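Just the one chain here, laid out as structure tokens, in the form deposited in one PDB entry.
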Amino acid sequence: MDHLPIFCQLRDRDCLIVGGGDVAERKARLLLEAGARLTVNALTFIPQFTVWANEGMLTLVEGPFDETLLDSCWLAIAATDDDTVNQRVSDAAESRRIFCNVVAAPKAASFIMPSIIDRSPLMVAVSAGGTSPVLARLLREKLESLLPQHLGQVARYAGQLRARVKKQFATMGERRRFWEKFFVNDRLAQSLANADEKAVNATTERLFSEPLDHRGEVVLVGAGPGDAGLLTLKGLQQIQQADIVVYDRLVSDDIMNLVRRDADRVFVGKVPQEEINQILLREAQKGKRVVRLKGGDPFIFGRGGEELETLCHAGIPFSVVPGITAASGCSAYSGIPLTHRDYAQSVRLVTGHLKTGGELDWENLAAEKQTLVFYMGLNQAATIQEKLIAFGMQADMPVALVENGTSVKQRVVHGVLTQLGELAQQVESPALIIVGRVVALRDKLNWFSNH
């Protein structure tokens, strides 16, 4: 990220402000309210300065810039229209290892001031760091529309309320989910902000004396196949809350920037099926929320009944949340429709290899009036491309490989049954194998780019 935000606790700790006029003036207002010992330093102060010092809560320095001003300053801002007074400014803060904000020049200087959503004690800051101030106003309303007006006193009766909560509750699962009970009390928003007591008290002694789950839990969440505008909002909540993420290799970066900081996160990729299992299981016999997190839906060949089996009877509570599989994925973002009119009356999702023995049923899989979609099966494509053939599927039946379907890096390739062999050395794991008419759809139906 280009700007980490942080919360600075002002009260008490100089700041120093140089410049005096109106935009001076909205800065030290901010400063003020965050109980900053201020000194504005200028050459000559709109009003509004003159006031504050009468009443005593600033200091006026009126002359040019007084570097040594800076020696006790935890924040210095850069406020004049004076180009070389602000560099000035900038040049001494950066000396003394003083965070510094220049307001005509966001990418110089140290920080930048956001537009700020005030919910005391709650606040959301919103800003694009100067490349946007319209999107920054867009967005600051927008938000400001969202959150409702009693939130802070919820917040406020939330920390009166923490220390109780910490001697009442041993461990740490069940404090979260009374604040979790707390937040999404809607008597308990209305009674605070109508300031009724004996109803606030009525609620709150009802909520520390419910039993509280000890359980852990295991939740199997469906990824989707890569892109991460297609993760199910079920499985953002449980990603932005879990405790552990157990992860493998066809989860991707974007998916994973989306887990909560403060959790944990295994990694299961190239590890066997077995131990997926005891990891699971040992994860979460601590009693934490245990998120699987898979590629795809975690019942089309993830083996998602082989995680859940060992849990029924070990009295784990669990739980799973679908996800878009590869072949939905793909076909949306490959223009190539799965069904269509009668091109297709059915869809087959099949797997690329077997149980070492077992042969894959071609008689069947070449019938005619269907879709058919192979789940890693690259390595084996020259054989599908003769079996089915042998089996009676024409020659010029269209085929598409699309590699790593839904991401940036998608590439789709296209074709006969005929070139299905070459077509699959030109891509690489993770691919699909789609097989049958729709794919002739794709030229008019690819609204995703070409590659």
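Numbering follows the first chain given and starts at 1. What we label the rigid core is the largest C-alpha set whose atoms superpose within 1.5 Å from one form to the other. First, how it differs from the form deposited in another entry.
- With the two forms fitted on their core, the C-alpha shifts between these two forms stay under 2 Å for all of 416, 61, 413, 389 except 61.
- Comparing the forms between these two forms, the C-alpha position of residue 19 differs by 2 angstroms or more, with the core used for superposition.
- With the core superposed, residue 322 shows a C-alpha displacement below 2 Å between these two forms.
- Superposition of the core reveals a Cα shift of 2 Å or more for residue 90 between these two forms.
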Given for the second form:
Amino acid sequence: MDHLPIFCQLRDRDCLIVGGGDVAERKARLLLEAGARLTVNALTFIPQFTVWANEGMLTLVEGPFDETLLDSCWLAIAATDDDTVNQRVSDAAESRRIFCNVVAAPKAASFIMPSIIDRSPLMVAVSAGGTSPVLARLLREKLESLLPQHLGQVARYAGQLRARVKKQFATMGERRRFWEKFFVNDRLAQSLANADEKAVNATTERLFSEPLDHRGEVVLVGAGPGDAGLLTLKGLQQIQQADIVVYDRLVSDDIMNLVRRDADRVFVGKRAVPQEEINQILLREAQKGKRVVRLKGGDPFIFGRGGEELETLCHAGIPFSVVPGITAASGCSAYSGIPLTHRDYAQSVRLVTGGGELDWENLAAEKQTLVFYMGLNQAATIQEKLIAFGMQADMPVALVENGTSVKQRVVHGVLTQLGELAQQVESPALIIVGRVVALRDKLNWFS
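Mind sharing the form deposited in another entry? What's above is the form deposited in one PDB entry.
Keep in mind that what follows is only the chain, not its partners or any molecules around it.
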């Protein structure tokens, strides 16, 4: 430790930036977010500064550097392109004992500005002293993955709640157990972000009433189509906080390698298990006060039977939420360079499954993009019917298997070849029909 990190309260304190270009604008925004009473000294300003000055948000002083602008200041920043000026500013502040930063130069400055993760009042700052700014960027990326946006909201609420955390919890050990289910109860977090100050109470007293070991909720989470990068932030946060993960084949191992190692896993997909057993497993492991995560390929509410799994839980009074995901259509479209819409090619995208019967004349109408989920088997009779109902036989067709994954296969061509091309693939695969499939020869950036 040769830098001491301190968290400064800058609201209504005079702070000086010397320089009027892009780098000053990024430091000025930073210091404006924190409530500095800010002056900016420069030989000229990029328009964004003249805007801020008109909204009364800071003060501009045009001209050369005047060291008297430091007379009543608490922090200084050199952010010009002239090392002579920066050196003058740096030297004017050391004799006044104003902490000072030189953007150009970590050395020869009395403070360094780190990377920040803002969740006010909660804050995390990362630096390595000027040695490795990229490595701090990498740390900041990861930390932004991991901290819910609304954690600051719950941070705050914990404030005037420490009152009650003693007249209903005696030992410091149980006191921390409560605190631990507090900061992870996203139903409280969403309730606070959405100002719903009755969902907030109903969950505040459910936290003081229910036994200390009970945290029973269900979270339906979309895994996305296969690529672990295609998970959502809230999705990742949720599978970090899960007591149990109930998952099937359609969830990739890359996604499962993200699930906390000290967490129960129930494999529920197939081997070589009807819907209602899955419903009972979820119900069962939630009534035991465990935080359940149901992980499903793609998006839960698109052919995932997500609806069925949540109406089993609405009977028994079990909280739940849904974190959506990338359905296969979106992924496969993007990772094969076949946009579902483009210009006036198609007025509508149709996501269709493969009792009752499919309406055939509807599927042949022009100005559509047909996307068939679970249709490899019925693929034979699909080419027959579309031709029989008047679709042009030169209509491009594409089948995308293991979309977005490091083994993705794409097979394209023409509607007349549809039956031949469906043997060349296996589940999970997507049939895409329409004129946009011709775009892959210019847009395919994956293979």
